[PDB]
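A single chain, nothing else alongside it, follows as structure tokens in the form deposited in one PDB entry.
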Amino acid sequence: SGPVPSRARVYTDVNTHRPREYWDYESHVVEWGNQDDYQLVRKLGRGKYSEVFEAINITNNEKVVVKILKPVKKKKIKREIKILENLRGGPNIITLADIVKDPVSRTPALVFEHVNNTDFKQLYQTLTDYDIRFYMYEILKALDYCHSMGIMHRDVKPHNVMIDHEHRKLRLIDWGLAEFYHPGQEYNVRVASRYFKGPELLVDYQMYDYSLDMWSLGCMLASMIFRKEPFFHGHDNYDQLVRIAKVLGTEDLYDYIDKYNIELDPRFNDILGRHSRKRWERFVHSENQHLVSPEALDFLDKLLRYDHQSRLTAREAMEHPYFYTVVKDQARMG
């Protein structure tokens, strides 16, 4: 007896009514820019499948970021490209400025707009209550947009949210794990960073959807308002679910498992133990209380739910009273 099927309760059939070309990334034909337009300046970091450089566009002296892709399935590169082109211009979505390659070796690279980021390990220490509300709202705009365009990000975490704080400018980056949502599809659960993996991933429930990103977002919120990063700190994927259970409680976890007829690894129920659901107020201390409000705790509570169908959508989240003062500020006459 296998697990009960599931489908997204929003944007379920966005890709269904799109032209095949929209989601059939395998058939996408890349339009290549010119490699010689860019000069590498400094290495910023290294992914498992890429190397990331600060660069300059020499035709206009603008800073950019160049991500050189290591040898990998072309299918994976084409998926990231198609997704970035589909979402280009969307609110707080990183802009893919160009796609280039060594014309002889064919080694390809993605070129992005530059964000003058403050590393989150430094920045979050200094964020005010209003700053958190504001940037959470910006992330929600990006997620509602990509979800409405039929795409799951699947790697929401502080490292993938670039913030130029003095310009109050936020971009959601690294779309390398993102995928098109098709109802009934069984997806790879090996996505997202350990600390931001939703319960569905940790229990190997493959028929997940956009709501995975809302779990990850709730993990970020908790880490910001409680000044504990990451909030759920497991030592491996099994222990990650234990850390969640110690806060959300084991009864609601086993209710979730039961509802979807999920078969848990035998090892789990010995390490999961029995835990009451904790009040979110328990994590409020003198040092973080200026970032916590009844509205913050109510909002967080509505994101961090075992049942993916029970989590707020990005659109529902933007309606929450937590964002009242932010929404007025955004109401811009310009």
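Numbering follows the first chain given and starts at 1. Between two forms, the rigid core is defined as the largest C-alpha subset superposing within 1.5 Å. What changes on going to the form deposited in another entry:
- Compared between these two forms on the core, the listed residues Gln185, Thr95, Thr118, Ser193 keep their C-alpha shifts below 2 Å, save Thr118.
- After superposition on the rigid core, displacement of the C-alpha of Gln206 between these two forms stays below 2 Å.
- Comparing the forms between these two forms on their rigid core, the Cα displacement of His235 stays under 2 Å.
- Residue displacement note: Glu31 has its CA displaced by at least 2 Å between these two forms (rigid core superposed).
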The other form holds:
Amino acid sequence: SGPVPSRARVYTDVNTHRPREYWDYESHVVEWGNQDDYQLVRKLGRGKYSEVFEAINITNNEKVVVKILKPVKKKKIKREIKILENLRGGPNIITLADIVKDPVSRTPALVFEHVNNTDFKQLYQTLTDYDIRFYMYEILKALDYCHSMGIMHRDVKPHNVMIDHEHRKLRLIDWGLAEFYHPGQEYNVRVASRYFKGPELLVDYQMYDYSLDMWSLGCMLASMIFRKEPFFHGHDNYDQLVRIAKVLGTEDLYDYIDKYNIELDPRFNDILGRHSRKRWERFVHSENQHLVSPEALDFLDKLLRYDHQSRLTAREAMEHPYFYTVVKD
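Can you switch from the form deposited in one PDB entry and show the form deposited in another entry instead?
No partners, no molecules, just the chain.
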């Protein structure tokens, strides 16, 4: 009789109540701007689906970031553009400024607002407990916004977060895997980077929702507070879930698969074994202690749950005591 269905606990019906054009991205028509408005200055990054450059708009001498896509399906270009346009002006969401057709690749190039980006040497070294809480709050602002606007990011990870520490500014980037949440929809589980994949992806439960991003956030927090990047260090997708189970325990895992009547790939029964749920104190040492507090562990514990329906929402996360000092200020 197959897997038990699931719905988001929050922002369930938000896309239903919008006009079709908001989420029916296949009907979105893309208008091109002038590629010659932009001169490329230097390469910043190269990343599987795209290359990223710093550029100058010669029309007005503004500095800009250009993301030249590798060949992708038109429908996925339209989804990313549509989501970027829908979320534009929202808290800590990267701003799409223009879309042009590259003369060499004949592929699209997305043009973004420039955000100055501080080295991961200056940061991650005298990044204080306060700083982690502050920037986590800022990420939660972006996720609560995008979730409220009917959109899961599905690729939350440090590579997709930019911080300008001089200006205490943060941006969530790389919306190319984001999707619109619709109740009853089965999504592709072949998303996210392995270290950040939620258990639902790993056990092939397709009827997932915004709560996927909350697992990913949990991975990032763990990694920051225990100074262990990545926290769940799988050697492949099967072992990824073994790494998770060596911490969260197998008991809650088997309960999760029972509740949703999930069919476990029999590969997994050779390898999952039996494991205790571990106390978070086993990952605390003197070299990470200043980042770890009762309220951080309580928060982390409530993000990293197998059952996606039982993880904090972005809003609930923002209300957690971990953040009382940052909200006060």
